[PDB]
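Attaching a single structure in structure tokens format; questions to follow.
Only one protein chain is missing from this complex, and each of the others stays in its spot.
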Amino acid sequence: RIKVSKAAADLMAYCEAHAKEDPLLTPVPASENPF
Amino acid sequence: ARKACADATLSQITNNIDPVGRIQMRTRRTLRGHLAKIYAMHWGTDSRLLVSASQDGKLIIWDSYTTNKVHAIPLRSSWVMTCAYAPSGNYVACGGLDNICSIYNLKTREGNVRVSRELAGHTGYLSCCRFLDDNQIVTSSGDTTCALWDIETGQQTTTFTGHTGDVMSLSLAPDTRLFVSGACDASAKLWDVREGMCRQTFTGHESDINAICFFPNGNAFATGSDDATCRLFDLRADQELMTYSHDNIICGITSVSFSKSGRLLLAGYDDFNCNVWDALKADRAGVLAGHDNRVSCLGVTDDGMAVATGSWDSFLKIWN
Amino acid sequence: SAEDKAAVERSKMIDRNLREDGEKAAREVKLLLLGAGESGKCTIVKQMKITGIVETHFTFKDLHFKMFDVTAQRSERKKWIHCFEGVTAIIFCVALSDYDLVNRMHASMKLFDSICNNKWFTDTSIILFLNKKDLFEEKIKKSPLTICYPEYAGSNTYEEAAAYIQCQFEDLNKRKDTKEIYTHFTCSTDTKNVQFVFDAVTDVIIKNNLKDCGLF
Partner (left out) sequence: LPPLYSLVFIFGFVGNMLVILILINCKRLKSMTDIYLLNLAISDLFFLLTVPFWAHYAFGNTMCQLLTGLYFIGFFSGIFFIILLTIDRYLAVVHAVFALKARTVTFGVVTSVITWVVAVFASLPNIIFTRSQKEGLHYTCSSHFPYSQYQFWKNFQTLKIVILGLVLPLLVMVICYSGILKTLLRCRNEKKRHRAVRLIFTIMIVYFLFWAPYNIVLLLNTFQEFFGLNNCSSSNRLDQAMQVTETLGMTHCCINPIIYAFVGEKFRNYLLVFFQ
């Protein structure tokens, strides 16, 4: 049972690491986008 | 009990994070091949083929890239409320009110789909099915019990009990060692696939929970209930974290899905359209609409290439 | 373009056979069976003609009928009643003799009021059946109907006791102009009970077609 701050820090760090390679929040070019 | 661990709120920690912003997401293509209402939909591991279940007795597998129907499995029972897609991609599951989790083998001779195995043993109506792997599958039923299944024998390998109300949905963690399910008693239980125990209980909702989805790292998950609130829970602190409630919305939530990054949360509402939530700010960042009827399904690909929403208007749309 | 053409070609075959596969559902009549206890789905299914839900297929007057019984479903109805939204008609089976036993008729309307005033059953009519009529007269002769409702059914006579109960089931709905309610007293003959079902569903087909024909 860790503190909420330690668990919250893990969630934001995971989102920040995968933020660049996220097609939703960062749109991708149309040719690279299969749709 | 564990209120000592509630030292601070995630919003205060996430107050310094730059907002996602009003992102605009459009429908690249619409899948209109069904005839009855759509109740189930799952995404493939290859992010290429998705399966959807409709009330017409047809289980259609859609090719997302080319907008084509790969398969059309004739269901024995027209009433279906859940479906699953195997991680290997060989089998497809489908439940319903018949208490039968019919599993069909796609890789067969001459491309003729056949029933791989008939699953029985649930007294209540099936509500959710998820493939642990090609050999095992977890099924949620309306008899307030969920059990693990084996393909080649069909026996009750492991039964998870402890839910006071009937389970509506469940999701699997990326490491597949743990999974949680949401029942109608505003509670969520953590079950181990190997031990079948009740490590900790998640609750806090004011109505029946209808949506379950894990955070991409596997250390957290979010729930979607009919109390017009989406609640995110963590497996470590075991508390309520960043409830997603807005005064404009009063309707319930039917499907909750997470993006691959986990920064923003997908939530399906029965207000004739779907909603996009910020998983760290609880801000309504971007709203997508266009469904003729209320939406019932919502899923995101493994790579996050696209997100699909399944509504009752017999239409499937892919959003980017 | 050999691979993509074959994928679309085989997908066209998938779309072709669903045109008549779903058309057969339009010809077929979807009927839902409700009941407070074990009295549901016992009368019509007893006719000699052809796990969670048992469905009966029978063709009468060159019309396909599909009857669905949900008696085996012990889960909460609020979670799966929306799955049956859009059926042709709803068949309600209630025993007229179920008033002196523990109170069952009070639970019958409690089930009946929930399904009749449901938000997903606005366009779907209900054909309620007052079963156990053969022994209802003997039961009311043995004990008065006043033990069920404080407002007595007239003077405890069979001619007006059954007529009182049917009205007590037909006035629970507020949406009388939205849908019609068909009441029939089941007899000791399979051909008589199925005849009312055919005529009642026929009126539903007439009503349903008028919205598409534009008359309504």
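Labels A, B and C are assigned to the chains in the order they are written; within every chain, residues are numbered from 1.
Criterion: contacts are C-beta pairs under 8 Å (C-beta built on N, C-alpha and C of every residue); 3 or more make two chains touch, one makes a residue touch a chain.
Screening B:22, B:26, B:32 or B:177 for touch with the missing chain picks out B:32. Only one residue in the set B:46, B:118, B:292 or B:303 touches the chain that does not appear here, and it is B:292. One chain is missing from the display, and on subunit C it is touched by residues 19, 23, 26-27, 61-63, 177, 180, 202-203, 205-207, 209-216.
One chain of the complex is left out; on subunit B, the residues touching it are 32, 292.
The definition used in the following text is that only the chains that are shown with their structure count from here on.
Centres computed as Cα averages put subunit B at a distance of 33 Å from subunit C.
Work out the mean CA point of subunit A and of subunit C, and you get 51 Å between them.
Residues 33, 35-37, 39, 55-58, 60, 63, 66, 68-72, 74, 77-79, 81, 97-100, 120, 123-125, 127, 142-143, 165-166, 168, 184, 208 of subunit B are the ones touching subunit C in the complex. The touching residues of subunit B, counted against subunit A in their complex, run 2, 5-10, 13-14, 17, 20, 23, 25, 28-29, 64-65, 215-217, 219-220, 234, 236-239, 241, 259-264, 279-280, 300, 303-307, 318, 320. Here subunit A touches subunit B in the complex through residues 1-12, 14-15, 18-19, 21-25, 27, 33-35, going by the rule given at the top.
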